[PDB]
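A single protein chain has been removed from this complex, and every other one stays in its place.
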Amino acid sequence: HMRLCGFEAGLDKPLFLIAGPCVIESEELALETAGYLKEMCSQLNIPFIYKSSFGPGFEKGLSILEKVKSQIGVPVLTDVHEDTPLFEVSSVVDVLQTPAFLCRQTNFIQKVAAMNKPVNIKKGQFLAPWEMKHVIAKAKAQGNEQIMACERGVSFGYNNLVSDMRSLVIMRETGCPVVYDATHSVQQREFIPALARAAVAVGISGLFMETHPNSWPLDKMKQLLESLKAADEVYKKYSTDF
Amino acid sequence: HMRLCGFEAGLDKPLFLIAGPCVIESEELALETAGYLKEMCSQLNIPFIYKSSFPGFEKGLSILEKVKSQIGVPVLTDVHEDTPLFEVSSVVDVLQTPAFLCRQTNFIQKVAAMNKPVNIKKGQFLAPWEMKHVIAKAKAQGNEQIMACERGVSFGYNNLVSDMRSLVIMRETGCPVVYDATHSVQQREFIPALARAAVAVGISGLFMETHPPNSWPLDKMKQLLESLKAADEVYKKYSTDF
Amino acid sequence: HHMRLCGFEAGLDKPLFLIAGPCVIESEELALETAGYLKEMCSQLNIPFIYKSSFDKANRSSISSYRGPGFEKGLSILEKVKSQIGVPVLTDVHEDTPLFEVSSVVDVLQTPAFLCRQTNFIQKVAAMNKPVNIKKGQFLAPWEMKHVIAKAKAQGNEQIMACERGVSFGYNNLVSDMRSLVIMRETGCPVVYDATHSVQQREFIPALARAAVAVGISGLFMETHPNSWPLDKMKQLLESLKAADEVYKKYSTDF
Partner (left out) sequence: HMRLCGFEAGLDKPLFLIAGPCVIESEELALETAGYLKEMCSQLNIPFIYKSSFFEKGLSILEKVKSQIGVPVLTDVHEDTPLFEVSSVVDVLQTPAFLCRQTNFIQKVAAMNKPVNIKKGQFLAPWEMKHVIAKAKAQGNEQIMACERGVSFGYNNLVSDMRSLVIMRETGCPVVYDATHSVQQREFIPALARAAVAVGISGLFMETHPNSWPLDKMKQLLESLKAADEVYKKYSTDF
């Protein structure tokens, strides 16, 4: 099993949630959302990681994540690009994430992993699941043992992503927790709860979700997570995968 | 809410199972298989329909007739454009149209005109919203016992993907949605995973090929059905779809 | 490998031929007029021609909403086209079609794309010892078409053709993978390109036909009516295809 932000991530461990809005709106709104999500997960005993990307400038957005981390007292995650200053971001956030469109940029992935922080590596929509083993293997090649593989859908014809549930099983061969992006593999909102239930019933380590105060409304998050936690318990009771 | 073979089928009703071997091998094997599935399904409170396809055509019909009478179960089979419907319809309880015929409206209506329940399989070349048109014309003449069966959609060459959104969309037909768990991969390791996913999304019935290639072994059926029944209880508990 | 068909030769190295016509037979008058028009146009371009028409669409419709003549009346109209206009005629056959009746009238049988995996039925069609245009299902990979074609040819029918019509690309979309035109040459049969169904959006019909002809094919299949191509634009299109076909044959390394 893998350690991450003070809790354990794994197929046999309790499901965790990466959630937050897409982009940082206001310090006031970001702190309200982060606190609301923290309490909801606390009332459901779900380990929680806050996420939001940069609207406000890069430096100002970094401060809002600094204030969320310190005032709300939650771990924070954000994306990085090939031109992101890794040391400045790493001195603020707890989890780095590589976007799907960079998943084949091996050396950028290696630069990200070299920061010695947990990395959520998003599978590209142009990738077959078995190809993730090599992407993940290159990320771990210098000792970073905190890599995760994030499923976000695969291209299906034009302007359509399909969630191939086999990918959740195949990517267990990476030796990493598999995270399911429930709000991006739709990119049409009424399918988000259905697909999240499917992924959790198949068996995953964590959920990734965008929330709205292709997003799931904040006032509907607790009911959905309540149904997902019950589905997760059923998977673990009958699991023959561990 | 639809009635079928002495039980009711629906998203809010207990999950039912259509299962059996691909083709009828021997009368001895058919009675053993049908009897085995009957005892297992009865002990798990799962309404059960035995299925098998075409052993000469005349000989196969009596074997299904002997299964129906000796084992005491409803029986299902497919028919083609050249199947003598009255002869087949006078033996079996449920007709099924193969996926490659789903666009042959003239043939679908002839099948539905037998006034038996019909399991209409969606073609791998069909979008889910197209089943509304297939089912509507199938029901146009009063047959209120039509079901929609998902079996996967083409994904590039030599690959089927199970788009779980189809299970939600086809609810708009007003018919039970059946999930073919053994053809959506046609690769055996994913059968339980994909069955768990579909049941968690919410379906009316399961369709499974079982033998003691893309078949599930008979001696592993009960453990699998146990996990699917638990996932089905979780779906109905939190469902907002009924 | 050389193949004869309706009095002419079909092949990657042979002149391009055309299967064309309306989807369904409307009237005897309309079928004879259309067939006669295409016959003169193809003769004046030196393009071997086969007229095609069915009594119902490829996906047969409910009788409660069916527009057209009977199976029997449609068969008679094709006989008069063959006889009055003097052209070879092609039509579809389904699993419930009387093959001997259709075979005694038409020159070329055609199996629809949705039946390509029905080996039993394909073998019965090939047993008629007539030319067969076997359409590739949108759910088939090109290498699977070799097995479909091979089983049809396994007992000596030397007039089998492979017809490409596009493959499923996500929902409600067909893509024309030009690689299949190359792969299916390995069946040892003429490859025919369905230019009006590979889109099933009309703007692309001439473009996709040019592409297929430049890749190298044996024949063209086209739906034309006055995703059908209009009858009064067929000649300009065919003229540009012949120029692209000559260029393909001049530099070809495939034969």
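The chains carry the letters A, B and C, assigned in the order they are written, with residues numbered from 1 in each.
Quick note on the criterion: contacts are C-beta pairs under 8 Å (C-beta built on N, C-alpha and C of every residue); 3 or more make two chains touch, one makes a residue touch a chain.
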Options A:53, A:106 or A:155, residue touching the unrepresented chain: A:155
Which residue of A:63, A:105, A:106 or A:215 touches the chain not shown here: A:105
Residue numbers in subunit B that touch the chain omitted from display: 155-157, 159
Contacts of subunit C with the absent chain, listed as residue ranges: 169, 175-179, 181-182, 199, 203-204, 207-208, 210-216, 239-240, 243-244, 247-248, 250-251, 253
Subunit A residues that touch the omitted chain in the full complex: 81-83, 101-102, 104-105, 125-126, 128, 154-155, 158-159
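As a working rule, only the chains that are shown with their structure count from here on.
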Result of counting contacting C-beta pairs for B-C and A-C, higher pair: B-C
Separation of mean Cα positions, subunit C and subunit B [Å, integer]: 36
Distance from subunit C to subunit A - Cα centre to Cα centre, in angstrom: 51
Subunit A residues counted as touching two or more neighbouring chains: 156
